Amino acid sequence: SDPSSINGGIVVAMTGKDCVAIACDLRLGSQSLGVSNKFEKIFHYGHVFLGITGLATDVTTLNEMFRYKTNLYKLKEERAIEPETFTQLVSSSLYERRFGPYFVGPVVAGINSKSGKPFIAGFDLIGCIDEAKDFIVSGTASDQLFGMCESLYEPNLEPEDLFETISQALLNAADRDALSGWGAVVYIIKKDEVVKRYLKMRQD
Amino acid sequence: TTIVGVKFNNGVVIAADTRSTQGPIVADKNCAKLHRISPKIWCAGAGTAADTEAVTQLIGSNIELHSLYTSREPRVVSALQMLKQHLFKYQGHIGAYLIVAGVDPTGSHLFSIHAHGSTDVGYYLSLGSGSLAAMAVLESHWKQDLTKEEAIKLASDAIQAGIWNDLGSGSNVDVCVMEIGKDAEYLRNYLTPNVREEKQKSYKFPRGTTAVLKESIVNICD
Amino acid sequence: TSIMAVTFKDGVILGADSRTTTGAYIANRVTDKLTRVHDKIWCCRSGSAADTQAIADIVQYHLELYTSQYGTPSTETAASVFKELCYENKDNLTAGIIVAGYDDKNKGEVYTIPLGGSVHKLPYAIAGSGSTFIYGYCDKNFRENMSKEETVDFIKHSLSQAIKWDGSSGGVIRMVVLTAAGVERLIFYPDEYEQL
Amino acid sequence: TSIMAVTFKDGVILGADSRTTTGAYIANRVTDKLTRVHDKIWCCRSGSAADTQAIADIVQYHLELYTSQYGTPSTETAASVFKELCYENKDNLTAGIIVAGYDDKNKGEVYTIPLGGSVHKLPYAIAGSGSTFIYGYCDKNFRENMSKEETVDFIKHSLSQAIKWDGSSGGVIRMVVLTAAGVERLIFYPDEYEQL
Amino acid sequence: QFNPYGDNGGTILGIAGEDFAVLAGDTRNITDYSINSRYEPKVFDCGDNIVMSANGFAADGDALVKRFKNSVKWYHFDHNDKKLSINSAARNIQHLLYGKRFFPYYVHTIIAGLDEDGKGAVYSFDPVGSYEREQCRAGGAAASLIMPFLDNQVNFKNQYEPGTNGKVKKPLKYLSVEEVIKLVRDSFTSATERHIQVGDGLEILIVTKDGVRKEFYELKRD
Amino acid sequence: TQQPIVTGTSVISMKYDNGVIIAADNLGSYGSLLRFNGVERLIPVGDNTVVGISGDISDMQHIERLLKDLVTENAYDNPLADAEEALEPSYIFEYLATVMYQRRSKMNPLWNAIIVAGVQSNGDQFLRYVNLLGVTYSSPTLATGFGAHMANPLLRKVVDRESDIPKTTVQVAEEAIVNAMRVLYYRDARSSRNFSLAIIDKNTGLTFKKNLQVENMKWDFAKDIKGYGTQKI
Amino acid sequence: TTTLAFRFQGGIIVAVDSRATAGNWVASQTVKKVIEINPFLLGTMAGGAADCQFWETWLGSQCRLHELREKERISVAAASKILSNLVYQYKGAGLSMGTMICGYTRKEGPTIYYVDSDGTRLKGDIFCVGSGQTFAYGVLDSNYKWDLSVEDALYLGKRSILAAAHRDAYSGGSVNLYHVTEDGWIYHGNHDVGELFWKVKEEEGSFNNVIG
Amino acid sequence: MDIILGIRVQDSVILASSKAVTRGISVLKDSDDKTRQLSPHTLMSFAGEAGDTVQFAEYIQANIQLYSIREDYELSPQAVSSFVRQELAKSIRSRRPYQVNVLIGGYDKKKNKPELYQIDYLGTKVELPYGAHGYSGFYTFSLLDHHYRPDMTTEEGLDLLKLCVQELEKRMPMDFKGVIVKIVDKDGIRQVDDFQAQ
Amino acid sequence: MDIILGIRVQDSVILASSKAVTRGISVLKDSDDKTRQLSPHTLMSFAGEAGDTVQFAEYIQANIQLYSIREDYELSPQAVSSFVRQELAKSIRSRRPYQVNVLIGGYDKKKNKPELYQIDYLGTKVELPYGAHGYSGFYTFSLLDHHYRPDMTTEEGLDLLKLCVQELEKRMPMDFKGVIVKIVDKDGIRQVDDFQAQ
Ligand SMILES: [Mg+2]
Ligand SMILES: [Mg+2]
Ligand SMILES: [Mg+2]
Ligand SMILES: [Mg+2]
Ligand SMILES: [Mg+2]
Ligand SMILES: [Mg+2]
Ligand SMILES: [Mg+2]
Ligand SMILES: [Mg+2]
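Chains as they are written, first to last, in full-length UniProt numbering: chain Y, 2 to 205; chain V, 30 to 251; chain G, 20 to 215; chain X, 20 to 215; chain H, 20 to 241; chain C, 34 to 266; chain D, 76 to 287; chain B, 1 to 198; chain P, 1 to 198.
Please note that a few of the clues may not be correct.
[As the list claims (entries may be wrong)] Below, computed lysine-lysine pairings styled on DSS-like, alpha-carbon distance capped at 30 Å: (1) H/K138 to V/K230; (2) G/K126 to C/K265; (3) D/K220 to D/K276; (4) P/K19 to D/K182; (5) X/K159 to C/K242; (6) V/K58 to H/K239; (7) C/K139 to C/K101.
Quick caveat, the hints were computed from the structure, so don't treat them as lab data.
The following block holds chain Y by itself, in its conformation from the complex:
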């Protein structure tokens, strides 16, 4: 019945030295039934990544909505949207539906192309913004993730290390969640380049 706990799924985002990372599991299920093990919850509009967890139809919808929006934004402004900007866009986009929300939990991650300052942020189903410099988590295993993060996390990690950290965080947290797992994807984002890796994990 809680739309936010039907399809399952988690997302996490962290910042390091001149980079940010954002990962998600791949399970799509209907209650106990695993249905697909290929449901990435991370998307990007240029150099800004949005991870969304929650009711899958909404995850899909929103993604569609932000592309549309980021697309027109690019046409009118003649430049790609920035993290900070996107963030306010997501927020305002969610509060628009304050009394009949999209049951999701978004996480933004990217690096401002001008300043180079890494950035991540998160929201609840109606736009309440959470801007922290360490990490952001969302999904059915949020509690788990916090636990892992608060312990594993330390500032200014190098891309290669942040990777491990976020993977572990994600991985072990997922292992304690019924509705999560079946695969994981991690993006390591740097000013100039972005690497995407799939993780090997328990398929149960």
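Add chains V, G, X, H, C, D, B and P with the ligands to chain Y, keeping to what the hints say.
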């Protein structure tokens, strides 16, 4: 959440803790709850955060426009009247509980608005889960004619009341002083007492610890 | 909340406690429940703080305009406006208001607009949670065409009782005197009313 | 129902209206709410007529037996019985009783056993739905060690008020005087109490 | 309606080392958003080299602990001072809990000590008696935060050896009491940051052949 | 399975270097009507214990009766009734806690919150709480109802941790308790101005002050407040 | 949770997973869902952990008492009717359990009885119980033959669990195997599903949709 | 609920659907077709609430047919499904939602590959090798997961289907009166009239 | 619910009971016998709540078997049934009622006639030529009312049951996995192992 507004001899100060919680989980160990409506009008909010932010920005905007149109500095009673008429419009559904303070041509003001659209005025007020711990302090040390410094301390301690005695509050203290003749000064993290101690170990994993199946470069540019 | 308005020889007085509670917590202990809708037409507010504040604000406005166009409004008219609002929106309101005003031809007048949105004109009226306790005391000690002095006391007594018994009432006693000579604000402290 | 018991110089007096209602119907307009539980220990009954009639009947017996074995019971004892019954069976009762008695050493004494089954000794007590209205008048006009005449009146006024405001009270006013000299029954009609 | 149950938060963690075991618990006791006490132990020595904690609704935790301690007393009586082995203690508790299967002890209890071979041992129970012997187990509010961590840092889950493409699991070296304690402390600090109920103090009971040793550390008070 | 009727509010208390103080107003409220004004809610048990009770009065009156019998029954065949084998605060507490926990386990609770404050024969201050659920805890300060929300924060400013107890004088503690009681009169709608305070010191023994009143109230400022927003006069 | 027991030539195969959850929270991945009643009888766990663990441990006792009274191994039929009748005494109270009582005696041969808190006692050749049942049934039904060998049969059960551990969110952890013979039962290990899925996928070629 | 199964082999997509229509206590019909041809290379099967079921499918049909005319082109299966997802995702927040679930099998003439899409009444869309709705998954997935292979022939798939249907008839409580099977491949959409025995 | 049918021809009583046991989402067993032999010339079939079903049956059996021993006599079907009605009639007003329905077919060796009794969980007992419990009646009574004749042979009845079982398998939504039939006649109780095809 704990937010207080304390009026002093020639201005008003408002402060708040910095803990945001989803249920019993500290989501943001340092969110900001002090909003600016206009340069010299700030408010602190508790309740549904998204609502306090929304109603804040919305009114701030309409306030910025009314100013431009009237070529006059913004007035607190206007911010008040606007918030109260909007909140009231939404019969309580916009869960915003606010203490709006600020200076303007007519002097200093301090009000509180409850989500149903009722307002109150006083020399000191507080709202949030820490409401009572903080009001306890205010009811013990407040006096008429506080200096700018006495009020800051007071409002500051009160927030501490809530920080220590209320599970719903914590982390740090934010202050914003609106003195009459001067510019408003927003003291972010005026107080920082809750610092996590150095972890007992390093959980820095040795590289390669994770099992990877496939690697690939993502294309960002067009 | 304990409120009453008493009409006397020279006009009318409105009195009320100063406590607004949310459960057993005293959110505000220095609330002002005596509201000006016009120069010499004030109202006492009992019920949802939000509902009444709004209604007041609206009547205040309707009357400002009335004035601009047709001069000074009668109290009877101030009442009719309140009634109209309370009655037409009864389903979504919890407000009981007392309207008291002063006029040169009518002297003082008092109207009570109870929950259903009806209006009743009376010599004095009491309302609010604490009112239950003082119906006896009031119906007993009230005499028409009293002096300001007498009236002040009658209100100060009735309300100290109400504050005594009702926990939803307390703080200070506030009054507002409406006579030809003008408008006077009175305030009596606990240290005084508590022992009478 | 409006009932009160007032202790004075010569003892105590118990008074009550005489109306029992089922909804808005006055089932009985000449009820007697003053119950003798002992020669000089009477009680005032408010609440469920079934629940109180029974409780009284039981106390009366408990006391009759007490007497047989140990002599005349004090009022505090009559009260301890009421309390015992009322408290031990709180879940199944809706009774509020005031016990009033005369004794030579203690003069008059008044006890009120409110709904929860707790007991409180006081100079006078009032209860019943009609009580809410006269808390103010009573807390004002009551003086200790008054005369029988003064007490009768105080009681006659408080209750007329209660009868006035409360729809659940009415009929006649019944009083029962308990002093060294004996037991006197007083009755006051509507044609008298209504205009005081 | 009357609700016979309550929640007093708190969090406990038992870990069994090769030849010792620890039962750690925070010290805060709360009700809703109020702190009832900053210091109210919840992990106790039941005699016989057995430490136990019943975390959840304090009343039930209290009663259970009492009944057990007492159960130990009588066991000595009816069986010529025979030491109560941890496993025996365990089966006993199953019975205590299950005796109230239709008005349960709203608690998650754990007990630790040494088994008959002298190897560390931890057992944990359902509020109705289901039980199992375990390596490490957290219980209470912050269970969900502490468990995954332990899975990683203790049982080395998901960690593999660098350069094996994820086909060789990290070697299961066994931890010393001193190392376990670090993990415990960390577990608790981390928990303190993200869970409002956790905090104030951490009291650890260490069980070894030499008896029962207590350590205590302070935690954040907001 | 009941619902309280006549009730008593907060009972505040804290412990100082040489004893304990506890206080409680004297009100018995019937819902929102402040019905009974002469209700003592601190029950001294012997010369070394005071039991402060809030909640339902009829249930408190019962606990009273129970405490007296405890005393009486302890005298029985006890030649040391007023010495080595007299009731210690700890004994009284445990009895109470146990009763509370049983009444709740039988779904017919004693609808109360009680604080047992006293000093043990060997000198130790004793302060412990128990409520209708059998929940029990101890701390340098303790308060029930609103006192918990308002009073504790204040009192904790004096005694935040155990180490602060030996640094606190009766003068201080008593002052604190009195101020707290004043705050509650301001903020608690069910409070009453008159209260009762009791100190149990390891030397002076038990001091029980009756008929105190909240004094030194700040209300003057209420004059400079008019309207609830834009009203100027 | 997923538990199966099936009867065959060499005896009985009992295989169960080992995951316990409290909502979406995975409480444990190391639970023993097979209650070792006594050296000859096996009981499985599903429904209430306490209820099964408790009443089956107890069953373990009652059987012992019987074997002292009559000096003869209690029959599974009897063993199960005790639990069953006990369970039926509390019907309506809220017991939650569904279990297989498995045993191999001379008189009866290999036997499996399904017993549940509703008071059902049934004799059958194959039974799966738990949120992951349908998944295990799917595998069992198609590869089940009486003429199976102990090795293959163990595998079949092991796999059927695997099946369910993959698809069902509430099952997983590891598989526990038990072969029940007339001389008693023999444990055939605990196999971590993580490691097992990869191995089986690689070897068998199934779960092709999964990448690895 | 009814059974809806699909499995895309290497050169086509097979879809099987129960033939029974139940209304309360009786089985009204034992030969129902729970599918509509969207375009000549895209088929959609469906199961859900009484009217909604057909009403939704027919709507989709008409709308996909009109596009084929207006444009003189056949939308790719992918396109056809996104359209369907969007129509569902829109009704979940309407006055009265279409309680419908569908599978979409199509052969993408452009890509020269078969395609199966699963979309639930909520707008949850996903692409898979085999899929189903309702409880059908619970009994057959275990079998599919085991025996499925990307390079299956149309024949291999039909057998795997058969096996799946068998399990359903064995362990499933309701009688769905068998299935109707259709294959979607490069040459179109044909009905395997031989699935009662094959 | 399960199917419980009974039909008494001229020299015997035939009872048919579905062979399926469903627990929740799956069919656990497809070979259940929902009947117990009370005495060598009386049989009782039963349907209802999970546990109550067998428990009641077995209790009744035991008690009839005991009477048989104590008295060296076999109670008449009529007796056996009045006994059952009473037990049920007692349970409807108990703490927790057995939710069971039964059919009792017996050959009264004394009268030399077959007898079929239908008793529901409320203790409502009735004697009939043919009967069933639950919905089974709904589908078959029309058939029985039409083709039944008092002078039917054992074989004529078995066919009528067949025709009835056919209608059930056609119009009933749940798969009851077939029926087990038994005949009660002068020579005893035998199981017509040929009702899968006769
Ligand atoms: Mg969450
Ligand atoms: Mg997982
Ligand atoms: Mg699984
Ligand atoms: Mg008051
Ligand atoms: Mg009347
Ligand atoms: Mg032992
Ligand atoms: Mg914390
Ligand atoms: Mg705090």
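Going down the list of hints, with the structure as the test:
1. H/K138 to V/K230: holds (26 Å)
2. G/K126 to C/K265: holds (25 Å)
3. D/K220 to D/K276: holds (23 Å)
4. P/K19 to D/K182: This hinted pair holds, its Cα atoms lying about 26 Å apart.
5. X/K159 to C/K242: Since the Cα atoms of X/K159 and C/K242 sit roughly 29 Å apart, the hinted pair holds (cutoff 30 Å).
6. V/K58 to H/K239: holds (13 Å)
7. C/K139 to C/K101: holds (24 Å)
In this structure, none of the earlier numbered hints is contradicted; all agree with it.
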